[PDB]
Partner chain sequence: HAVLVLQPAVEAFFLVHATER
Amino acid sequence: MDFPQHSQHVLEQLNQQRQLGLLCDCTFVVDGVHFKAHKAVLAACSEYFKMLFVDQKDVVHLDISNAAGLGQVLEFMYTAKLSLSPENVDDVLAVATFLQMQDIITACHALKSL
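That one chain, whose sequence was just given, in the form solved without its partner chain:
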């Protein structure tokens, strides 16, 4: 029925839970920056997290170098929006490559085509 409008309302509410740290069940630090998020949302958007969390494994040493790129990727997962620029496109690509998110990988490849 109203599935697109309801799913947007659900994602918006999941985003505000993340901003307030409510019902978050996983935490990362990358470059000294703390992140809070839902394991279920991560698994719904990244195959790396899906394979990691379904295996009942937790995060310790996330193998990424950029916290700014991780913030942009985590922002896309909760808002469906991604702002690419020549200053960040390579860091977003490295994070998305590790997270196996093919949608963001192709998006960065398109940005570098210019």
Contents of the next structure:
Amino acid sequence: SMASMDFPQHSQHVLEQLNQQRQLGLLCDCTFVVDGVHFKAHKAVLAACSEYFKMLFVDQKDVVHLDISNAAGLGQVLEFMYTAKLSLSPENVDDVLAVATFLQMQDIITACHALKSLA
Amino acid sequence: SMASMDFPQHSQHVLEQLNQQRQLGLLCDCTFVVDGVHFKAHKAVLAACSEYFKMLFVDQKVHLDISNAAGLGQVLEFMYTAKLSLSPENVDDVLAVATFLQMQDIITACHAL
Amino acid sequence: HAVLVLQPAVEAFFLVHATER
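Would you generate the structure of this protein in the form solved in complex with its partner chain, following the form solved without its partner chain above?
Every chain and every other molecule in the complex is listed next, the one we just looked at coming first.
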């Protein structure tokens, strides 16, 4: 008859599929090139994780030109977007914090602040 | 490295933001029009949830054998909200769309009821 | 009994030099 059902592992499963598409460049409408290093991603996932990309792809206005401080910092930001996990080291936290601050991703900023305070 | 930061509520947040995009017709490259009603979606989300849409998007370039908009609506609601609402008025319409798109997680859900 | 309109896909490339001053 009538019933409602919830699949708690569905969000993580879709994100893992979105990650595998990105690692293989499948259905990717966005490609970043930072000094030879390339990064393919989905514009819908970028706008879902970063308010900067939201105002760049959706609102199309009132956005400062893209500025990526470190290529390795951008890879960790995209890795967090598609895996919800972010590896942080005392030799890369500042580079990840630079890209995250420009992209207005307070979740990574809080994660970077957690490592410098809770080493 | 020396530490790994995990965000358990991230994938739920991404799916909710993707749902808000398809509900507002934002950053969507798909448009389902079945019996006069329009449905927006992302081709990357469809391939991530349906093996039929996967093969249709990673290998191929459309008319679908979708019986009714109500069954497609609830199927799209499951993709973007992880929740499936079934009632005796739509369980047959949902299973029809679920079997064509080859999503046995939904197929088994309605096979019981 | 159904239509699926797919918008054409053009790739958005963003080529940037790193600002590691």
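Between two forms, the rigid core is the largest collection of C-alphas that superpose within 1.5 Å. Residues that one form lacks are left out of the comparison. Positions refer to the first chain, counted from 1.
- Candidate set 43, 26, 62, 84; criterion, C-alpha shift of 2 Å or more between the two forms after rigid-core fit; matching residue, 62.
- Taking the core as the fixed frame between the two forms, we note the C-alpha of residue 8 moving 0.6 angstrom.
- Displacement of the C-alpha atoms by 2 Å or more across three or more consecutive residues between the two forms, following core superposition, is confined to the runs 1 to 4, 55 to 62.
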